[PDB]
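Only one chain is given next, in structure tokens, and it is the form solved without its partner chain.
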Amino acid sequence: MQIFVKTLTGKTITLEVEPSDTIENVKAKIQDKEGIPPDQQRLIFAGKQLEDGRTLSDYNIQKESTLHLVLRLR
């Protein structure tokens, strides 16, 4: 499926993913397009910060949902 990621400068990133993807794999996919290591990433959805170790399904994140990327230090 396809989901989107918005940056705090307004950039929109596209991502092919599956619901069983852990948040770790989603961030690895953002790393490949944006060069941000996963440990410097916060992904926000529906007013929550997603947890590494959980999956897209655990947050009921469905197709065409938009995430929000925020950078962090570690």
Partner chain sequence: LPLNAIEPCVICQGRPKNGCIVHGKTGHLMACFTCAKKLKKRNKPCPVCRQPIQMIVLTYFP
Given for the second form:
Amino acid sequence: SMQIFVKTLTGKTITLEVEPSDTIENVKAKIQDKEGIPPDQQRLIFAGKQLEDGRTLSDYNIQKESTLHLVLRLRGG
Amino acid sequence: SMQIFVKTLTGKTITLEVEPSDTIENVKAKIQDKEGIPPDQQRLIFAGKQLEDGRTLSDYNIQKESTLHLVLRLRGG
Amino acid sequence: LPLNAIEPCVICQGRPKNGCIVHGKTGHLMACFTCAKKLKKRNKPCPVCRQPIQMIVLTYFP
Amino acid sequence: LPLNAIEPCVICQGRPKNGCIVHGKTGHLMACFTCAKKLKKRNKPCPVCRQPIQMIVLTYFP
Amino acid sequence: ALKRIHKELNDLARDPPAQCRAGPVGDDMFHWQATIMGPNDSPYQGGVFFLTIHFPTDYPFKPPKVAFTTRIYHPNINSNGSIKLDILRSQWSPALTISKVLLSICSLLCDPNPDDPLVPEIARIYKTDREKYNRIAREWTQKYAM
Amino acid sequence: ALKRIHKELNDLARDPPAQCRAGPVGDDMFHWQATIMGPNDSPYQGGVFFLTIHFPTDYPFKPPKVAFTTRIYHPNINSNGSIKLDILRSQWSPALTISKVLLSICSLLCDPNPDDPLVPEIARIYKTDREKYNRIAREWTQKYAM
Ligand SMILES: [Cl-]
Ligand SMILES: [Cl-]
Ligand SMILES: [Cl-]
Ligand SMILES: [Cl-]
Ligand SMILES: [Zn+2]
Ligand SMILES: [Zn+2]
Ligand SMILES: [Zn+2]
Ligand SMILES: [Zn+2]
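Please give the corresponding structure for the form solved in complex with its partner chain, as opposed to the form solved without its partner chain shown earlier.
Shown next: the complete complex, the earlier chain at its head.
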């Protein structure tokens, strides 16, 4: 278990308690509990790329004290 | 024109701009604007006594920088 | 700016003020969700203005 | 305790966060009443969660 | 109830009203004593009235039990110091603190309800011979509250 | 709009993001220039992409106008620098700041939508042979974004 940070949409930083084996979907569920944002509206970004729901924090080399960046669900067109 | 203070129900203190000619009813209207409490639910107290709506701050010898105490409307019985 | 907004629930003193008591188009936010829901469930009025509680809104601060 | 609750409206940066955007049983409080009412009048979604705005509650902090 | 009661106690110990004081009796956080100074320019002026307070388990959802221990002459306060006052019963609010309750009771002293009284004999004097009422209340203040 | 724009600029100066930077051109608070660093592990890596930003008078109720000035190879960004992205159109939110818009655009670079493309020819290459698409994107990054 470890702490990570999420910079939410307004720039406010929150702290989450996670495990390296937690999926991005689990992280979005934790953000929903803290912030009231539906997971389908959450787009998490790390190292400039969006994080896919089915992958784990470990898959993305997200470590203790890392910061994920939350933006809104988006679609190119 | 002068300032007075009101200690609201939770203990929070607010500041009002008033004149000695202002009625207690006018003061409760100013409290309603800041606090969203209808005047009929406001009971203002100074020197241990309730302040009646038809009288003025001057009638009660209330001077600049005085603190009024706000409680809820009550009735003995 | 509401400096007292960051103080704990006035009822239980142990949780943040995230239970907005809604009546008409206004709300009084001084209690946590748990405490405010108890008041609504028990048919009690708003603690500060005594108007009927139409709903409790779980309030987040983005 | 929501430390950012005492910061200004994130939209206009000039008024307190007293316009609660209500959707279902939850609310997002990050804008003033004036800005939030503009969004509701124009039928815009909630800025942070995109849920439809059911009402704006003028929020007081007793 | 304990976090709420401790908060009230800390607020009283650092910032009470000029009119009212209160604190626990011994180590019992649920049993307090209080004092109310009689308002100036009243039959109670110069008197100091003692009260007992008992917080229920589900305080502040349920109201505190508040009674005078000092005898006091008033239409809404009986011979055992019980106070018939709506905020102690059906009009209670969990946002009322002991400080606000005591100030409320203090404001009742000079704003009695003689029309629906707790002590009809006192109320009838109040309504028909106010100076006699005031004179007795002053006598009781001297006898019991000084 | 000015109070909001100043606040965003002050925030960018105080807590500067790593991937994206932006600030006014000259003394015109409504006209900014921005840069995005190409994501690591992508054909854009090492590239720096410049963008122009115009804030409308009723920002942030209306979205900023954002266009690339550095040429970039992508299905949803064309050679005139136009970006076709829902958050700059109907899916705008006044809670998005420039920093969040720039990070969003950065995340679009490796998450294109070839199904509803701005440049059909590039989308076709993307879907026909991703390795060829990545080669060309890398070549354009080295030619134009260094
Ligand atoms: Cl409810
Ligand atoms: Cl509304
Ligand atoms: Cl407790
Ligand atoms: Cl402005
Ligand atoms: Zn509570
Ligand atoms: Zn209320
Ligand atoms: Zn605003
Ligand atoms: Zn929302």
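Shifts are known only where both forms have a C-alpha. Numbering follows the first chain given and starts at 1. Basically, rigid core = biggest C-alpha set you can superpose within 1.5 Å across the two forms.
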(request) After fitting on the rigid core, list every run of 3 or more consecutive residues where each C-alpha shifts 2 Å or more between these two forms, in sequence order. (result) 72-74
